[PDB]
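**Student:** Residue-level listing of the chains:
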Amino acid sequence: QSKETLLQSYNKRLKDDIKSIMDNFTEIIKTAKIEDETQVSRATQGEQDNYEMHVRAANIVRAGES
Amino acid sequence: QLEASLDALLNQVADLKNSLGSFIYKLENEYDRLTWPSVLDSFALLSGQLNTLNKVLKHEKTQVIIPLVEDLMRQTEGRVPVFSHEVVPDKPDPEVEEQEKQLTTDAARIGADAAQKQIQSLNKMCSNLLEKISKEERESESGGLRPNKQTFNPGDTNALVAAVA
Amino acid sequence: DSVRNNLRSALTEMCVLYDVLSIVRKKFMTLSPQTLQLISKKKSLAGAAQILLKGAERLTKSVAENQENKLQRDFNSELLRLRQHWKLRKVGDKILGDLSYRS
Amino acid sequence: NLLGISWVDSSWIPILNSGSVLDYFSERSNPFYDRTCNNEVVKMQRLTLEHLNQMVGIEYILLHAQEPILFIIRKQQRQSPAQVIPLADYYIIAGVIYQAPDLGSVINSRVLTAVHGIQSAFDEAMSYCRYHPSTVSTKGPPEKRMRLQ
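Line by line, the protein sequences give chains Q, E, L and C.
The letter at position 1 of the first sequence is residue 9 when you use the authors' numbering, and the numbering goes up by one with no holes.
In case it helps, the authors' numbering puts the second sequence at residues 7 to 68, 74 to 80, 87 to 107, 112 to 186.
In case it helps, the authors' numbering puts the third sequence at residues 94 to 118, 120 to 125, 138 to 209.
In case it helps, the authors' numbering puts the fourth sequence at residues 9 to 142, 232 to 246.
The hints are simulated quantities; they were obtained by calculation from the structure and are not laboratory data.
Incorrect hints may have been included.
Stated by the list, open to error - Taking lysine-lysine pairs in the PhoX-like style, the calculated list, with each CA pair at most 25 Å apart, reads:
no. : chain 1 : residue 1 : chain 2 : residue 2
1   : E       : 64        : L       : 149
2   : Q       : 38        : E       : 61
3   : Q       : 41        : E       : 64
4   : Q       : 38        : E       : 156
5   : E       : 170       : Q       : 23
6   : L       : 148       : L       : 160
7   : Q       : 38        : L       : 160
8   : E       : 61        : L       : 149
9   : E       : 122       : L       : 148
10  : E       : 138       : Q       : 41
11  : Q       : 27        : L       : 160
12  : L       : 121       : E       : 112
13  : E       : 61        : Q       : 41
14  : E       : 156       : L       : 148
15  : L       : 149       : E       : 122
16  : Q       : 27        : E       : 170
17  : Q       : 41        : L       : 148
18  : E       : 67        : L       : 120
To be verified - A few chain Q residues that don't get close to chain C, going by computed Cβ distances all over 10 Å:
no. : residue
19  : 12
20  : 16
21  : 28
22  : 38
23  : 45
24  : 72
Where is the CB? At the ideal position from N, CA and C, for every residue including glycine.
Extracted from the complex, chain Q is given alone in its bound form:
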């Protein structure tokens, strides 16, 4: 069923997944924020956002590799 169109769709999906993995890596690298910007609740919200970003970057890397 549309072998050429199926191959084109697979290539587009692979390219989009690669671009999304690259964008996720760039976002994880740019969202370091070593400066202590968390002023409302540092010890709680800072650690929460840090763990969330770490889990998100790990999941994005695993999904991109797969």
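Please arrange chains E, L and C on chain Q, whose structure you already have, making use of the hints.
**Tutor:** Below, chains E, L and C alone, put in the same frame as chain Q:
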């Protein structure tokens, strides 16, 4: 004033919790499958919701809560202000206590001028350098227009094909 | 499971917070060199890098094993060998075209 | 701090009425206010709400009074009249000292708890098992017709 941002954050947290509970109940089966059917999607959704809530709480205010005086009407049914007055105080935080203790021990484990302040400054400098390098790489790679391949040119040879002439 | 219990606790905390906010949306009123973010950034960086390096090493080991012993490479490798040694394969789902002597 | 607790005096504060409000404010259970507030200054000669607002200090006022069940107190913290900033926690909600804390701390605690739970769930469900890269001649119509009989 701040009631708008409060309601926005409450709706965001409620949507995040509802999505998490729905994903759990749909993929519980008394045990999770070790193939990542939707675990990556659920983790990404939870992380995005948490980041959005943190950004909304940190952007701006777009306290004390007395007893009761229709989402809240479903939970606080029958007009019971004592329930809201008793559930408002109810955190042990056992692991958070040990974490705070380990942090307040030294918080840098070495040095005074080279403490967490200078470490954070150096980390921010390295992160800025890495972000500049990544932005330069992205701007260099954005020049790619399209994979312009090449093939035969039958448009000319067709009219140029042989004939009675 | 423990993941289910953690998710249930998180959902309960979020629901309690949302209910308190909706009630406040009744009667409301107004009432250390720890460097939390500085340490949390490095902590999350190390935590993510650990899993990233683990996955990368696992993928590299699997690839090196598949490239070293060229006997268990069933995915497309034995397939290329078979096709070079056998008939065509009309790929409808996985394979077709037996020795029907239709050639 | 004592916002996380919800203690209440049993022998000291026998009730939470208007007259018992002064006894509840003068008898902390466990913590209710600071000793250097205006409550102790007004309790020197005679406890009253007029001297609390007159004397510059952290006074113990009532936010909402109701003898039936709960009475919202307002522990004012200001050295000037016509102003009531709630700093202490000596409410009479449900005949007991309420928390009256800031919602930011509770929100941060809940968010940290949820983040820790999600991280533990991810770390647990990460590694569970192996997910690495590696009829036509069935003429049953006769049987059906025979079973129909």
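**Student:** Which constraints among the numbered hints does this structure fail? Numbers only, ascending.
**Tutor:** Result: no hint breaks.
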